[PDB]
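Form deposited without its partner chain, single chain, as structure tokens, below.
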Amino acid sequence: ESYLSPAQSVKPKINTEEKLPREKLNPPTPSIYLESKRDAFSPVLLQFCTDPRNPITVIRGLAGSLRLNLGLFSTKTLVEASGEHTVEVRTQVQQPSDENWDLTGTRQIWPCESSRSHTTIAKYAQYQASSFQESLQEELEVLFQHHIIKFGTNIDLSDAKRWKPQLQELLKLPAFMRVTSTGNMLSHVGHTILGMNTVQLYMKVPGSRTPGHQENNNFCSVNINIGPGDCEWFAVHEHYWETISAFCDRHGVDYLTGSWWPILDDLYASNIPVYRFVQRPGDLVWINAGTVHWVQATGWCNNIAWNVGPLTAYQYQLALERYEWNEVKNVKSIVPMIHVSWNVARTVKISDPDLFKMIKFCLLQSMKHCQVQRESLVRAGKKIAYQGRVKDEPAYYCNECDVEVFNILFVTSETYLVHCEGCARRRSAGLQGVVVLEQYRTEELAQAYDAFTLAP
């Protein structure tokens, strides 16, 4: 009972078995320079970034091309805008980029050491600068005659008022890259997911690392280097993710939630092409659906990032795949795909036939499952009350297992809590003291589905 149909897959064709010569093991990073501002709005640009064959794309001097004022994201500006704003700090050890060692520099290791704490934007800026001076002094002293670093991460720029001029600047981007867009699935969630449909600011010093990961539910990522400093990026095509996952298992680090920094020789040995590139100030990085990446600052710089859900067959498929996989692994999907799929079918025209078929198949599965559930409740003499969804009402998750609960809600009173059926039953043998709710009647879903047609 997958929400996906295998025959519908648009995933590109790659063979692990076929041998790869060294050069194929280091691919050139897809790179774009915009001659004219109107280029950034070319449908050619969109088709290039979202292409399945392009796991990652750098847009060179994007900020210049559109006259983005990155100064608005400079550390001084941020201190002025929000000094006491809190920031999540990661205490790491500074190392070369293509290397992560044990304590003695005997051996390369996958597990990545990162330690959490919290400070204020103001205090972190003081460190970032003090950090800079000291490196400068040591540089001058020489001319005249384990380094521990702190990394400022996941700083939340969600509030509009404080960050108004900052966020307004990003409206200059093409629609498919914007925080909020009718063509962006994350805009159809109906609630705010920090760091995905809101902006995240990173404040870095040389050696600052973000370890290996895929984005939540395989959503695309957009990243802009404020500068001055150059960031170094590593990426691997979605196709090889499970192989990288097996490495984490064998080294006893959780792939999804663990902190790991790949051993490059391991990948090459495994016939896995790695993308290596530098991202300079004003360069924009587009991370395509489900690309495995990890990043290091080489200089002193800030970055901004957020996620975007492109309305493409490939993004949709990969989003749904990771949605099902999370459930298998008992990991909460932060993007409620079923609720999102219905929102999209209902507020957005779909012209692409491969995408349309996928959303359609998903909706159908959702109806069948709701229909199977309604009868089993009915011939158990369980009563289902009709509740009607409130305007701007957020999806629901089971208080126990974290699974998305759609259409039919099981509710209890401690006030109120929502569960899936398994967790409600587990709690009560007969569902006694459990109120079952119906968000929409078979008819609502049946009519929305039939009205959902391919657009020219």
Given for the second form:
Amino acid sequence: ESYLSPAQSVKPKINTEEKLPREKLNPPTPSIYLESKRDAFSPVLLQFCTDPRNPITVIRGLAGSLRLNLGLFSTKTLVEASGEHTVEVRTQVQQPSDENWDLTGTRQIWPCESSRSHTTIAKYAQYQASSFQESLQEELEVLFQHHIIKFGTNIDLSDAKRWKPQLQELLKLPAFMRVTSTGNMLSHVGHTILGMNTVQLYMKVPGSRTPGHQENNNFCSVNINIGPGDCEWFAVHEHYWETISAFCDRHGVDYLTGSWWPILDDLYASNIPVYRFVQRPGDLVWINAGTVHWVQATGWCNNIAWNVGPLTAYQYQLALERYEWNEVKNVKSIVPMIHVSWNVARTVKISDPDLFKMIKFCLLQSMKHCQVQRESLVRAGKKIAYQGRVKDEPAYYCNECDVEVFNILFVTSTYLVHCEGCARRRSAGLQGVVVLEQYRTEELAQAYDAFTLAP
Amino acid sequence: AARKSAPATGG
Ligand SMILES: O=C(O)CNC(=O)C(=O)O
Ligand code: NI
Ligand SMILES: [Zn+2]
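Switch from the form deposited without its partner chain to the form solved in complex with its partner chain and give that structure.
Up next: the whole complex, starting with the chain shown before.
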């Protein structure tokens, strides 16, 4: 009953059955330099970054190749743009890169301690600076003769007023890397998903860690290192994600919502190639769809990141797989995949045949599901009001199970929306439940038929 | 709010 057709998979075929030698267990990270500025706008670049075979890619010195004014993202520029703006903090324990230990260094462990708290930007800038000066002093002695760290994470540069010049700068990027782009699936959500279709800022000190994960719904990520320190990246191909999740299960940590730092020897032991690379100031990281990754600051630095949704079959297939898998696991999918697919088909011409067949299949199933739901409600005497979508109306979600609710909305009262199960199970016969329809069969049917492959 | 963030362990 999936929104996906297994026959249509464009996932690269990889055999783990054969033993793999060590050199391939440490693959080189695709690094790319940009002599011209139009290279960055070349299609071959986009073809490269989004190739399924290429889990992750570094674009070297792009912030100078287009003359991006990163300086603005400097901590100093930030503190005065707004210092009493606020910031999530992670309190962590500082460690060497490829390692994470119990309290004593007897053992390497998967669970990564990462406690939470809040400050302002100006406040964390104090800390980041003091921290640096301190490390300086302990070196201006030797000359003449557990570390607890705090990481400023997921800082929201969403307010396009306040952060005007900073955001304006990123317009200079090739379209597929931009925050907002007609060719960006995430631009077709119709509302703001903080950190995905808005920019997040990271203020790091050395040892500052972002633990193992895949992006929300397997969406591409674009990260720029502002400077002046470096970052170290580790990454695995989507293919191997369930094997990694299995480790999380054994070590008693939740794969999708838990804090975990992988044990590299485990992954080598399991025949899983790990990409290892350094990201220098002005280097852009492109994380392809579904790539497991984790990240350590080696110096003092800020990064900027957001999620992009290029219109490829791979990206799409993986967004849907994660969408369904999320709900199997009772985990909120923050990109409302069904509402997005309809928005896309109705607003964007698609020339790529494989991507076209995938969206078309999904819309079909969405229609059958709406059709089935309607009959049985009718069949059981339930009246369904018609509700219009208004302009810039968001997607909906079950107040209870967090699943996306599409087209047919169950409502109670100051009004709440539910999926059917959550409505029934809270009223046997749906008494005191209003039921709304947002798209009549014919609206969806016509939209569907209007949707054809562009040559 | 749908929003991207870091996993957590304390606080
Ligand atoms: O920059 C960091 O610390 C972690 N970032 C990511 O995992 C990302 O942008 O996808
Ligand atoms: Ni990430
Ligand atoms: Zn529900």
